[PDB]
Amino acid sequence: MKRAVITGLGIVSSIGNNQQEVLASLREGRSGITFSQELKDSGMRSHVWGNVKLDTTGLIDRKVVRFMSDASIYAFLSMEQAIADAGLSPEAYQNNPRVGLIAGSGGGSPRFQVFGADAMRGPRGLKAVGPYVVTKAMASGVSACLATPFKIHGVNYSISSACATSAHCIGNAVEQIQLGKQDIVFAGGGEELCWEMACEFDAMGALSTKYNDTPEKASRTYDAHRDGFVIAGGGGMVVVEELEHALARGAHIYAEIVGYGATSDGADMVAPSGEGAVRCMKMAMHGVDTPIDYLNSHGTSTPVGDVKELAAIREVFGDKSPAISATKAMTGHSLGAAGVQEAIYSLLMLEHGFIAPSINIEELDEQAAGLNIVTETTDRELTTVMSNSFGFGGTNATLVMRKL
């Protein structure tokens, strides 16, 4: 019944350590991609990544961070930023059964799972493992590690859905508001960056391998010579809030979440059907009586995926397609964190009135023809934006956000 608005955001990304830095990078078309000695050293073919360039040392209390893997660190810092941005005091949001947290990762912590197993296999066994690995390694680490220190009393769990993870978190947070169960839900995600997980993607041929000598050019969504995604890590968090509760406190409102699509392909494991995506966008658009001014695509820089989505975009919009850009060409693919980060990039475009460029397009793919792939930063007043997240395993999420 109830309407859901976004009233604060926070982010730790390859393109910036807070919303000010991210906004600057988006406007500049600045790449967050760097060469990775770690990835090269591990024997991988992809030697490039979207790393967080924040030194996180000392930023979280000792007794809190001892439970945390990097996904949780990134998500925690993002949540601290979001609470500050929202203007929420602990009096208001802590020990409050109407305030929840839904935040996940795509992978958990392969680094800590592998650490556990390596230590256990040495001469010291359990003593080498130590008593902290479960919270770091479990799939719910990002929710568990944040709900305790922020004193959350409402919903507390992690949704995971690969590349759609934190979009489904945001949509479920919206569902909690619509059901009348929560006044606020912090929604987002985090993802560590590590050879332990990255090598799994390289093994399936998913990562870019031909551009290691020019890291900033490797991620190139829609380019005719794209060769796979560039893996990234980071975090993000948004404050999803019931509309009346927000107005009553004088909240700063970014946008209303006016649409949330969530579908399944029920077809292929590793490649999109397009059919799932068409349904997901239409669901997100249902009852949305204003056109989409800007679409932040899923667009990971993969030969098949990039154009399946564009095909889906055509079928949905017909002869009224929106301006489109793929911010992953700058940021890389942060997996479980992508949905919330890209919702944030879309909210920054909406708030500050511009479209970020789809960079590194030297030759546009023929299946992009007739669509407005925006390749230069363009100032424009936007009203309604859409953001797609199409995960491995055929799971789809689309969010539509609109000025109030």
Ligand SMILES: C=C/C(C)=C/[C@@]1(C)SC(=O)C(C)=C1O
Given for the second form:
2 protein chains.
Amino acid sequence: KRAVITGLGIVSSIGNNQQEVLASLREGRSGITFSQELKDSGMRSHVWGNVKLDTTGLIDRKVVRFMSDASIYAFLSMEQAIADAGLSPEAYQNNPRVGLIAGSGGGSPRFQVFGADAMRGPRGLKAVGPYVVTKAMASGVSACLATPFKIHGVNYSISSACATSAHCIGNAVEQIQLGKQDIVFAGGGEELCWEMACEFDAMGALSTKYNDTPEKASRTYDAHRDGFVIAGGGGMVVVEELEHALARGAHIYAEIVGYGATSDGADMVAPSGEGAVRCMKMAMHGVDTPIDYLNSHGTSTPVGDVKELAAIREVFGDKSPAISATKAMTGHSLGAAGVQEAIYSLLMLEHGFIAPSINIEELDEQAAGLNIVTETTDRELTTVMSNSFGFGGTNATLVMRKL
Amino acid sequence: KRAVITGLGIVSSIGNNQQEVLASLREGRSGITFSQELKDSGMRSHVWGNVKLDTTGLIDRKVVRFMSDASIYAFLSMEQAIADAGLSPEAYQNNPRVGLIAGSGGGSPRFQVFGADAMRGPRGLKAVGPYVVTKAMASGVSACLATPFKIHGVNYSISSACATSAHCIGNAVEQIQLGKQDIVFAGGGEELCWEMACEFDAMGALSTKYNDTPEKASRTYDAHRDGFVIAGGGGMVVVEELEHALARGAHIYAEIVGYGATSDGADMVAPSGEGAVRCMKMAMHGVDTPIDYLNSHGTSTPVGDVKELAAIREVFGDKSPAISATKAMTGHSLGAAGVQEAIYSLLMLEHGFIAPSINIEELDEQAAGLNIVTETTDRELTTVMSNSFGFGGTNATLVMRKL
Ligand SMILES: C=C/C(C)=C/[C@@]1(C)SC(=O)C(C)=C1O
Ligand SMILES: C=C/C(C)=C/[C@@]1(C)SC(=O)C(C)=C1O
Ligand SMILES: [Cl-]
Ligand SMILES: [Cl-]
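Write the structure block of the form deposited with the ligand bound for the protein whose form deposited without the ligand appears above.
Then the entire complex follows, led off by the chain already shown.
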């Protein structure tokens, strides 16, 4: 069975819905701002890709009481995706053929910490309250969505650090391929908080030299890049079996024609490059059209950026796709990056443009021989690819093509 | 393609390897002990199923520096499983056909809380150090294993709260069915700590009336049960494509002949039963032999224990299987429970016995008319079923059959 994407939803540093996101991608607009929270926490990195949305009252009191911010962002993204897919409650609720696979990289460090802080204070268990497990547990995002949306089919999270939501989408495709589900909502969410951000800063992973000019801090492939800019948000796509989609007159963005998932088996916090080569080739297998555009993982990290370019050069030789790292605009939403970047790639495919790789003032030498696009470019695209990698040497690649 | 289990490994409250666990299961031996740590934290529950193993020095410094306890337990279990399977590094390392899918329910609240506590002191980032992300991330159990074991295939965690490691095993089976992998190491780990346990005590989920008699606190189906006894540990199984196993002269414990995964879409912290019925039925589809023994999820919770029994009655009608709840001995290892219980079930199948459901002093009225086995019973078994459920209404069932 073939799998297609029939709806999308997104809450991102560059837009609270697909219209805002589309506009930001075309304008090369930064979603990065200064964070007093990060500064106050004692961090060296004081910049972030924040969600600019008051979520007060957007979710029913009895539903939101179980949720951390990752789940809030994923839930709002799922609402958007359902509306976009034209799915009525009757179409998707209480239906064993309809599932949900969505995760987070971090879960909720904020709520893990809150539980322990509260426990150590004067009210102990009463301060902790009865909602911390569903906030803090690694599967919060799937649990907190599958329940209120009345999902009856598969319900779990994939967790693979910064590749999380890409593997969620690939696993959704597998459920369609195995004939087990007709629809799977796939994606993820990530909270933004010093509790988690400080652990990345403590390993030197985050940008620290550009706090005074937050919009210039995330600068994938620039020779003066100095680490990623942390971000939060959510995204969800509707992954649907092809015949089921056509039969209901769904709007189809693209077919997922390739999914690679591989492992480096090498280093914990630096990529081998070879795993990414294998992952991309796996996702390309049997795909009879060229890759027109590649949304790189492209974190703005000295080692990572060029390791991935070396991998791309090995896979494509002298026939580079157009490449841009949208993280230079959006920052790195960790477990939510894969689905948000799939969505950016789908919007490029749907609207016929390539988003720019911004903030390259001096292009890294190793981008020579490749097609790094630094200006918004109108172009009819047919096949797009998006890479996601995570600590632990975990790799995901998705290839999406017009029908 | 057919999937078989060809090796197993376990670190549990009732033994540090399969020899010790087999002896405990046969003896009805409790793994539950009084915890001064839980009491000192201010919790109401003072009992736990602790791993009784000094793990100091068992793992290379450069590997273990990235790890939390969940990953240590899973890593040791995976070493045992490789040795049990008879796999040389030549066979399983740097092999694109060999993967790893293993997770935890909670990641590491201990290390997340350590990060935040350290950061909030006078030394900030320097006190946190560079190892907290990998110790605290949700995917630690897969990341920290796929890397040192030189895994090149799939590498990610499934997370689904108390169903986590059962969904990991089922997803491994799917990899074999899709023809993508020949071997997938599947399982999970969970740390044991007040930081996480207090979240469950705060929702009233933990046993609190039996602290003076720790070995009696976990008492699935007993009329005076009063919640679960939290535990930690790990487990790993080698899931392997059948022809690949036969060709190498593998020792085959069982074939995974069924895998159910469903969703309640109902309540966050209580099961509907309806989802469980569908999950068991899904796992039995095409399985042409009766269930000889069912290892229930059976947590020792007032609502959960009997909701699952009602679902069992609906699925099996007038032919109910022998049942036991091994958590009355072992406690509830959360994300590690699914793989550990699959392993207890495989030991029962391999050695021909049913482990007892202990501490039933007065059987719940809603458990009447079922064969809840309360004394170790030698019996030749052929087909066994094991259920795992988690918060968020996530359900998994595995059915395993002699080849
Ligand atoms: C095995 C280590 C890997 C893939 C590291 C990468 C490139 S993936 C990522 O999101 C960041 C920030 C990195 O540094
Ligand atoms: C949807 C909620 C569910 C399945 C709750 C269960 C029965 S699963 C579990 O491990 C425990 C302790 C429970 O209470
Ligand atoms: Cl347009
Ligand atoms: Cl024996």
